[PDB]
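The chains shown are only part of the set, and none of them has been moved.
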């Protein structure tokens, strides 16, 4: 019985970080409380100055990652401020009933609601907005993120041995549908409502103009690259709420991967490239053995290098000649 | 030896139902006899009045589901009436040899043939027409369905424990390629042969105009919604003979799923969204715990809500506040 359990309040953090949490816990079930606020905002998504009339949870794409343990209850307060123009709600793939909660969280601008559900299944699960008659537009404009429900005794390999991570990162991949004018340049709209009709026409072609990690081309590069060090194990959470993708770490692997994202199933090992189905989140563990700059990308290489689906991980530490060695550097062909 | 076994005759039923059958059986192997008749027919596929020059098994899209047990023999009589214009045949992915049977069932209008094959592998398998030189057109125009071969001792979980369903439903998803004229409206053709050339041109773009469950937009809604009740376990069979899809139950899950559709492999549990490869059938079990109207859809949300890949399940019974509760209804933001 839920209203008799202890409550705890969690403060969310912006992607690509994930808020502090315990993996294996001796703690009993809790009601874990969160809040999120919708923000409609225009956003620059590429190096040409192209804009998207965007819709976000807490101001970011993706929304923040929420983390609980199997058997906890999630209690979310969803706020839709009067500065917004549209109605919104939330569907948790991790929940059971009432269209994932969407039927109980319909909030017009100026309103809020509170939902509770039991997180009775372990894994990474998508959440997204789903207002009647406007579902795909709200999703592709930026309203999605991940709930992670960890098993109470932590992650396990196929033989039941313990697995861990030292840091977690969250990557949301967004297929965007930006309209063009008769001059062949991308259109810039004064309001969110004015972008609607033209955007639906692009969507129906099923061809994205851009595909970006965390809100823009190059979001996870330069000063904003992911980081790690040799010997450290990282969890990479990858959500795609609308379209399939195929993650790959250049110079690495997926040591243990749940591509369907559900921790009660055995992971697979040694993957070069894995597959996240549109409408889900998956998770990969990797332990760095070499330093350097890695690329993490969608391995449809057109989607990655032409359309935007790629980022960087900068890894410090000591080079290992046993794993790889330059025997002869590039030099003229002997004759 | 097959011609020495008992024969039984089965009467097929129209989708989305599946004909009565036993799951676990003590019965020994049988020769199980079926008949199907091809019908070429023009069909309205959307709410605008758009038509498809269609080709069907028994008058429906998909064709009916055929159910036998591992070790039975399937003996099908295929009839091509003289009212049809084209030659046809059948390829069972469940069979071994002769292009799945296609080489032995080539029937011109006015003809019939009878094929027998051993159903020696368990799972859900696609069948489809495949006439030399015209294969993709006949498949995308509607000629596909599912053969289910159940293990003799019923379905099993990864630990070998028994699994069951109380009702089965069959959903065929069809990517359609309808041509347009210079005014930008869909074309209506007087005959099947006249649609051919224009349709090939659309197909080569790889962009469907429509994607529909069971023959039309909204086929599985209103009076024709699927039904169930709290406590009941349903099997959802999903076939796609030409193109990938990603099934999802809104407010539910896949309790146990064989996404590749082959029952001798362990299922996965707790899936949010699964993946049916073009050219296959997969199967999901779910036990309802909450009443209400669920949506069952392809979670490329453009494909579902714009192009047609979505239906409804109406579930009766008692609401469960432990799984989900509205703590505070939508109301003004406190100030």
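Note that the chains are named A and B in the order they appear, and that numbering of residues resets to 1 at the start of each chain.
Here is the rule we go by: a residue touches a chain if its C-beta (ideal position, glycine included) is under 8 Å from a C-beta of that chain, and two chains touch if they have at least 3 such contacts.
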| message | Assuming the complex is a homo-oligomer with 2 chains given explicitly, what is its full copy count? | response | 3
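Methods note: only the chains that are shown with their structure count from here on.
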| query | Measuring from the mean C-alpha position of chain A to the mean C-alpha position of chain B, what distance in angstrom results? | reply | 32
| query | If you look only at chain A, which of its residues touch chain B in the complex? | reply | 1-2, 75, 77, 79, 81-82, 91, 93-108, 110-118, 120-123, 125-126, 130, 135-136, 139-140, 200, 203-207, 241-244, 260-262, 264-265, 275, 277-281
| remark: Within the complex, chain A is touched by chain B residues 207, 244, 246, 248, 250-253, 268-275, 289-290, 292, 294-295, 299-307, 319-320, 322-333
